[PDB]
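Visitor: Take a look at the letters that make up each chain.
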Amino acid sequence: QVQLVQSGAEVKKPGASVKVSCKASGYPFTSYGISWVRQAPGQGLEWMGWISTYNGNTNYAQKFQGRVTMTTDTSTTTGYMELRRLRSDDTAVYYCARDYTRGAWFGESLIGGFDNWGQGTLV
Amino acid sequence: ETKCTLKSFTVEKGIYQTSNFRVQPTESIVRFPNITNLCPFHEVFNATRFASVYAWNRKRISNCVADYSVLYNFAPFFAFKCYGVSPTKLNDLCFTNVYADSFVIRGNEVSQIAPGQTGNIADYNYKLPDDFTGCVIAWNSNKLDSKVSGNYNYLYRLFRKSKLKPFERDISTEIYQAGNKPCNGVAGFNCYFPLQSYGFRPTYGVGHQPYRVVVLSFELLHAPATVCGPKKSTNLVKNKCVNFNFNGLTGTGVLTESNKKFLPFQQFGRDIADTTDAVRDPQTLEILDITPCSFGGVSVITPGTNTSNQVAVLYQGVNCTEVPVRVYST
Amino acid sequence: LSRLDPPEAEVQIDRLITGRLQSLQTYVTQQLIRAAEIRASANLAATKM
Amino acid sequence: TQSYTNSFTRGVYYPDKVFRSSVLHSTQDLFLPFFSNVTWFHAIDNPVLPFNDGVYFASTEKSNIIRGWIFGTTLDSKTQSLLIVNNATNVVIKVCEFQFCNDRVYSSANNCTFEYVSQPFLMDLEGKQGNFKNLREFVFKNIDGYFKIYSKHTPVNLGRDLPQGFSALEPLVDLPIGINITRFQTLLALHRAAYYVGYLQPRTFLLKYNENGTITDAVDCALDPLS
Amino acid sequence: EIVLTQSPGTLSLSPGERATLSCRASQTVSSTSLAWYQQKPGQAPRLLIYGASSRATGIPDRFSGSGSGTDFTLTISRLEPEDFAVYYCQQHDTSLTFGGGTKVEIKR
Ligand SMILES: *[C@@H]1O[C@H](CO[C@@H]2O[C@@H](C)[C@@H](O)[C@@H](O)[C@@H]2O)[C@@H](O[C@@H]2O[C@H](CO)[C@@H](O[C@@H]3O[C@H](CO)[C@@H](O)[C@H](O)[C@@H]3O)[C@H](O)[C@H]2NC(C)=O)[C@H](O)[C@H]1NC(C)=O
Ligand SMILES: *[C@@H]1O[C@H](CO)[C@@H](O)[C@H](O)[C@H]1NC(C)=O
Ligand SMILES: *[C@@H]1O[C@H](CO)[C@@H](O)[C@H](O)[C@H]1NC(C)=O
Ligand SMILES: *[C@@H]1O[C@H](CO)[C@@H](O)[C@H](O)[C@H]1NC(C)=O
Ligand SMILES: *[C@@H]1O[C@H](CO)[C@@H](O)[C@H](O)[C@H]1NC(C)=O
Ligand SMILES: *[C@@H]1O[C@H](CO)[C@@H](O)[C@H](O)[C@H]1NC(C)=O
Ligand SMILES: *[C@@H]1O[C@H](CO)[C@@H](O)[C@H](O)[C@H]1NC(C)=O
Ligand SMILES: *[C@@H]1O[C@H](CO)[C@@H](O)[C@H](O)[C@H]1NC(C)=O
Ligand SMILES: *[C@@H]1O[C@H](CO)[C@@H](O)[C@H](O)[C@H]1NC(C)=O
Numbered sequence: 001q002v003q004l005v006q007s008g009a010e011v012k013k014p015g016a017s018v019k020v021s022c023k024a025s026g027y028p029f030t031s032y033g034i035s036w037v038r039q040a041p042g043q044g045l046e047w048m049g050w051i052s053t054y055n056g057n058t059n060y061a062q063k064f065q066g067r068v069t070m071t072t073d074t075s076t077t078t079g080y081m082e083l084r085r086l087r088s089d090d091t092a093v094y095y096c097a098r099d100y101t102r103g104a105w106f107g108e109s110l111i112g113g114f115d116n117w118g119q120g121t122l123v
Numbered sequence: 001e002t003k004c005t006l007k008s009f010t011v012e013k014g015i016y017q018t019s020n021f022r023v024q025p026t027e028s029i030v031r032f033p034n035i036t037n038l039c040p041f042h043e044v045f046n047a048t049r050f051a052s053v054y055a056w057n058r059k060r061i062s063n064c065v066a067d068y069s070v071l072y073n074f075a076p077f078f079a080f081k082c083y084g085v086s087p088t089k090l091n092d093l094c095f096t097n098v099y100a101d102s103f104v105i106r107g108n109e110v111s112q113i114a115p116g117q118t119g120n121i122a123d124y125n126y127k128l129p130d131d132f133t134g135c136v137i138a139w140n141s142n143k144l145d146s147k148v149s150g151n152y153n154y155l156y157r158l159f160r161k162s163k164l165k166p167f168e169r170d171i172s173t174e175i176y177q178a179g180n181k182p183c184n185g186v187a188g189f190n191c192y193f194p195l196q197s198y199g200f201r202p203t204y205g206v207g208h209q210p211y212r213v214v215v216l217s218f219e220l221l222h223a224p225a226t227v228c229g230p231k232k233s234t235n236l237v238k239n240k241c242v243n244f245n246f247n248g249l250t251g252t253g254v255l256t257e258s259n260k261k262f263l264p265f266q267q268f269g270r271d272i273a274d275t276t277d278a279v280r281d282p283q284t285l286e287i288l289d290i291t292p293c294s295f296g297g298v299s300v301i302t303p304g305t306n307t308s309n310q311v312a313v314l315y316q317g318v319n320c321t322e323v324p325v326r327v328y329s330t
Numbered sequence: 001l002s003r004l005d006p007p008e009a010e011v012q013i014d015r016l017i018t019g020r021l022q023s024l025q026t027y028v029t030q031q032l033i034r035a036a037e038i039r040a041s042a043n044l045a046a047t048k049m
Numbered sequence: 001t002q003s004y005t006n007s008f009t010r011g012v013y014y015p016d017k018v019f020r021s022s023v024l025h026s027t028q029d030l031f032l033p034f035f036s037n038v039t040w041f042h043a044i045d046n047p048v049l050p051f052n053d054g055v056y057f058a059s060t061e062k063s064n065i066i067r068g069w070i071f072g073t074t075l076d077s078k079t080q081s082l083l084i085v086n087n088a089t090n091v092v093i094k095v096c097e098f099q100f101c102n103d104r105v106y107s108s109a110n111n112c113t114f115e116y117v118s119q120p121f122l123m124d125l126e127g128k129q130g131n132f133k134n135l136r137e138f139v140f141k142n143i144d145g146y147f148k149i150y151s152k153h154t155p156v157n158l159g160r161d162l163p164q165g166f167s168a169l170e171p172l173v174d175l176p177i178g179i180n181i182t183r184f185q186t187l188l189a190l191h192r193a194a195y196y197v198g199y200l201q202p203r204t205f206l207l208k209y210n211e212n213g214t215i216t217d218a219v220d221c222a223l224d225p226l227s
Numbered sequence: 001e002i003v004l005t006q007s008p009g010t011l012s013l014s015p016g017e018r019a020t021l022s023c024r025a026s027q028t029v030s031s032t033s034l035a036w037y038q039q040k041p042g043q044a045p046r047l048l049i050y051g052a053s054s055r056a057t058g059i060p061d062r063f064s065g066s067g068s069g070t071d072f073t074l075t076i077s078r079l080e081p082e083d084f085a086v087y088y089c090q091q092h093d094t095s096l097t098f099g100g101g102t103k104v105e106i107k108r
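Protein chains in written order, with the numbering used here: chain A, 1 to 123; chain B, 1 to 330; chain C, 1 to 49; chain D, 1 to 227; chain E, 1 to 108.
Rather than coming from a laboratory, the hints here were simulated on the basis of the structure. Fair warning: there could be bad hints in the mix.
[Said to hold, decoys possible] In silico DSS-like links for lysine-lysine, alpha-carbon gap of 25 Å or less:
| id | chain 1 | residue 1 | chain 2 | residue 2 |
| --- | --- | --- | --- | --- |
| 1 | B | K261 | D | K17 |
| 2 | D | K94 | B | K59 |
| 3 | D | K94 | B | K260 |
| 4 | D | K78 | B | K59 |
| 5 | B | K165 | D | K148 |
| 6 | E | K40 | A | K23 |
| 7 | D | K208 | B | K261 |
| 8 | D | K141 | B | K59 |
[What the hints assert, rightly or not] Here are the computed distance ranges between Cβ atoms for each label pair:
| id | chain 1 | residue 1 | chain 2 | residue 2 | range |
| --- | --- | --- | --- | --- | --- |
| 9 | E | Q27 | D | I65 | 30 to 40 Å |
| 10 | B | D281 | A | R87 | 53 to 63 Å |
| 11 | B | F159 | A | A40 | 32 to 42 Å |
| 12 | A | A40 | E | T73 | 20 to 30 Å |
| 13 | A | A61 | E | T73 | 24 to 34 Å |
| 14 | D | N157 | B | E27 | 52 to 62 Å |
| 15 | D | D29 | C | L32 | 57 to 67 Å |
| 16 | B | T256 | C | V11 | 16 to 26 Å |
| 17 | B | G185 | C | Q12 | 45 to 55 Å |
| 18 | B | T36 | D | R192 | 45 to 55 Å |
[Unchecked claim] Heads up, incomplete: computed chain D residues facing chain B, CB under 8 Å, no partners named:
| id | residue |
| --- | --- |
| 19 | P15 |
| 20 | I143 |
| 21 | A193 |
| 22 | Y209 |
Even for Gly, the Cβ is constructed at its ideal location relative to N, Cα and C.
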């Protein structure tokens with residue numbers, strides 16, 4: 001019954017800023033954080049971002065410090081990436097997932113994980 | 001009824017008291033507070049970093065909606081033994097603050113978590129008040145906190161100068177001066193380390209099993225209620241004998257307008273007899289005046305029974321015009 | 001009644017019933033002694049008048 | 001600098017948040033005893049004062065002389081501390097790991113997990129003259145954690161020592177901090193009717209309310225046989 | 001950092017018989033950090049078991065997992081031919097890393 005939709009697929013010139021949306025419905029958008037991951041053909045899946053909902057805690061990965069910034073709005077129940085300093089080798093699909101690994105209120109480790117996924121955005 | 005109160009077929013001439021009359025309520029209205037968030041009970045129970053029993057952690061719950069159905073109906077492993085409230089009746093109430101405490105307990109020591117009890121861990125590791133309220137939850141963790149040769153990272157104290165107060169944490173690294181050896185950190189004989197390890201064992205049966213215990217410590221204080229449950233809000237009815245459930249303060253009466261001057265930190269209101277008389281509307285911040293419905297005494301005026309068979313009911317305590325209130329309207 | 005199940009609620013209700021009735025029984029006992037004092041003085045006023 | 005002054009009648013706050021009218025409710029709480037010494041200082045230095053069972057504080061600075069307080073134990077970056085230093089139009093409260101001052105006021109922020117921002121505690125008002133140097137009264141206490149601040153900003157003032165009469169102390173802020181505080185220190189600004197301090201202890205009062213619900217009078221019970 | 005050793009590279013097995021998947025970590029991990037995901041061609045991941053063997057959604061007769069302390073493996077019986085997905089195993093204790101690779105081919 002979960003619905004997770006995103007923006008469309010397009011092509012961006014390197015060095016620009018890509019606007020990525022992720023709209024959620026079917027679950028209350030108050031106790032589960034969002035997690036942004038990247039899949040490309042030829043290898044597996046990466047783990048850029050984790051972002052809380054009740055507060056504004058950031059858990060960006062060590063490989064994307066200072067480049068990836070993430071925002072969420074509960075009025076439209078939608079998350080936004082403004083990902084700038086684009087490259088030529090990072091054109092890949094990006095999935096937003098409802099996370100269950102870290103605390104959405106206090107931040108401790110949990111048991112479980114990405115139980116709800118979107119369709120992805122290809123850049 | 002005159003023949004039914006005093007047991008005789010013949011009733012002599014006089015005036016007698018039969019019973020009392022009281023107008024029954026006609027409608028129910030529930031008005032909780034305005035909120036949405038869902039309470040993070042899936043982060044306390046479904047946690048991975050439970051600490052030692054001698055040094056636990058203290059959590060806080062803020063404004064959210066807690067569904068207590070998933071607590072008992074879903075995942076019903078062990079018995080609850082809730083001390084002061086019913087899990088089925090838990091949905092109607094709502095409270096001010098909720099604290100959650102988590103630690104690991106030996107299998108034989110499950111019963112030690114009780115009001116006023118004594119034991120090896122009930123005095124030097126965790127103490128409860130005698131007036132404690134709220135449920136207690138325990139379940140098996142034989143797969144999570146267990147090692148083949150045993151885990152030595154979980155500690156419980158054995159020796160202290162005095163027993164612990166309720167809800168008191170006393171983490172300290174020190175040696176115990178016992179006997180006639182003035183230990184200054186030398187830690188010789190009769191100078192024992194008060195923290196002694198668990199020493200798990202997975203091949204042993206019940207008695208040394210890893211059980212994970214979490215407790216919930218509720219309270220009912222007159223304050224802005226913060227955590228409330230899933231009941232829906234309804235409308236408001238003025239000048240009608242109804243039932244109300246304002247913030248869990250149930251009762252029957254008539255809700256009307258008020259002319260009181262409540263300060264912004266004032267919510268309730270008590271009369272001389274220490275009873276609620278004015279309740280602020282949580283979703284409107286207006287002032288009301290709770291007054292119970294009409295009531296009074298009933299008396300029967302009759303001549304002698306063998307003389308005649310006509311009566312005259314005297315409805316007491318009520319104005320007959322405003323509240324006329326079956327011999328009525330004859 | 002709003003916090004306990006009926007099998008346990010009758011224990012706590014019985015505590016309040018045997019306590020409120022105790023205070024009510026003390027009131028009627030002290031009422032009867034004092035009401036007997038007034039008739040000891042109403043009979044004097046009946047004779048004095 | 002040190003002196004002595006009779007405190008007269010001061011430091012009566014609302015015990016709870018329950019409305020009453022024409023009630024003579026009596027309560028046993030932590031209060032300031034009637035007719036007690038208060039240790040008035042002067043500033044122009046700066047020792048460390050003990051904190052026990054809450055502190056009543058009152059100053060009469062015109063615009064801005066006192067900016068915050070520092071609570072906690074040992075004043076070090078090993079036990080958690082607290083400051084109530086004001087902004088221009090806000091107040092910020094932190095529970096953090098300050099090291100020292102040596103005069104920026106703090107030194108470091110190691111293990112700090114409470115920050116709270118709100119509307120400013122100290123307002124200023126005058127009737128186009130310096131006669132109405134408004135009195136600000138604060139009571140700081142803690143019961144099972146839950147740091148509670150009770151404040152009052154009264155404009156009517158004459159001078160010399162603390163005024164007489166009855167003044168209620170409304171609550172503003174309750175905080176869920178649950179920290180261990182033992183010492184007391186006051187934060188001020190550099191310079192180019194001040195800093196009155198008194199202590200609290202458990203007592204029993206009988207309070208007489210108004211017809212509008214305001215606290216009008218209070219009487220002690222452990223002061224005189226007449227009381 | 002912490003990585004994981006991935007060598008169930010090839011699964012050229014018939015449908016029906018015993019299936020076992022083995023992936024092993026670099027460093028000792030807790031038993032509550034275990035997850036596994038499936039990759040259909042051009043689809044989205046979803047859980048298999050959130051813990052050791054605690055079921056997530058349905059699990060009719062095939063999916064199973066067993067964690068031997070640090071190590072952990074996958075027990076599948078009656079391998080129906082249609083899924084043939086890419087298998088990934090994930091830890092949770094230190095940061096977050098994902099599985100390397102596991103393929104099942106159609107043996108033409
Ligand atoms: C601790 O965690 C378990 C498992 O967590 C589950 O999986 C995670 C990956 C997340 O997606 C969680 O949101 C999810 O709950 C919880 O146990 C599970 O609870 C759910 C919710 O009630 C159960 O679902 C129900 O299943 C019955 C079965 O007939 C249906 O009829 C219902 O309609 C509903 O779908 C589920 O069965 C249950 N057990 C599992 C998955 O094995 C657990 O609740 C949680 N602890 C607390 C205190 O919440
Ligand atoms: C309470 O919330 C309802 C909708 O949930 C809204 O219609 C109403 O105006 C709110 N009342 C307030 C904010 O006082
Ligand atoms: C009713 O009974 C009384 C007592 O015997 C008697 O005096 C009286 O006359 C009776 N009245 C009638 C109407 O029978
Ligand atoms: C009863 O009601 C009538 C009309 O409302 C009023 O005039 C009368 O004074 C009332 N009785 C008393 C005792 O107040
Ligand atoms: C205040 O202290 C001084 C000396 O410390 C003492 O003489 C005086 O009596 C005290 N005040 C009262 C009201 O007791
Ligand atoms: C003080 O207010 C200014 C302007 O609103 C703001 O930029 C600044 O962050 C505030 N500082 C504190 C400590 O609140
Ligand atoms: C407190 O902060 C210091 C410095 O950032 C850090 O080394 C230490 O681990 C922190 N304390 C805890 C309990 O994490
Ligand atoms: C607070 O700190 C003091 C420092 O000496 C200590 O003696 C006391 O036990 C501490 N209290 C608590 C509750 O931690
Ligand atoms: C109480 O409120 C009324 C409302 O006008 C006011 O007239 C009266 O002065 C108030 N009481 C006091 C003691 O100020």
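Visitor: Would you mind marking each hint as holding or not holding in the structure?
Guide: Here is what the structure says about each hint:
no., hint, verdict
1, B:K261 / D:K17, "14 Å, holds"
2, D:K94 / B:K59, "19 Å, holds"
3, D:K94 / B:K260, "38 Å, violated"
4, D:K78 / B:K59, "22 Å, holds"
5, B:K165 / D:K148, "23 Å, holds"
6, E:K40 / A:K23, "24 Å, holds"
7, D:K208 / B:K261, "18 Å, holds"
8, D:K141 / B:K59, "22 Å, holds"
9, E:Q27 / D:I65: 30 to 40 Å, "58 Å, violated"
10, B:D281 / A:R87: 53 to 63 Å, "58 Å, holds"
11, B:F159 / A:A40: 32 to 42 Å, "60 Å, violated"
12, A:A40 / E:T73: 20 to 30 Å, "28 Å, holds"
13, A:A61 / E:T73: 24 to 34 Å, "28 Å, holds"
14, D:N157 / B:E27: 52 to 62 Å, "55 Å, holds"
15, D:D29 / C:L32: 57 to 67 Å, "42 Å, violated"
16, B:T256 / C:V11: 16 to 26 Å, "38 Å, violated"
17, B:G185 / C:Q12: 45 to 55 Å, "54 Å, holds"
18, B:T36 / D:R192: 45 to 55 Å, "52 Å, holds"
19, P15, "11 Å, violated"
20, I143, "12 Å, violated"
21, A193, "30 Å, violated"
22, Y209, "11 Å, violated"
Checked against the numbered hints given earlier, the structure breaks hints 3, 9, 11, 15, 16, 19, 20, 21, 22 and satisfies all the rest.
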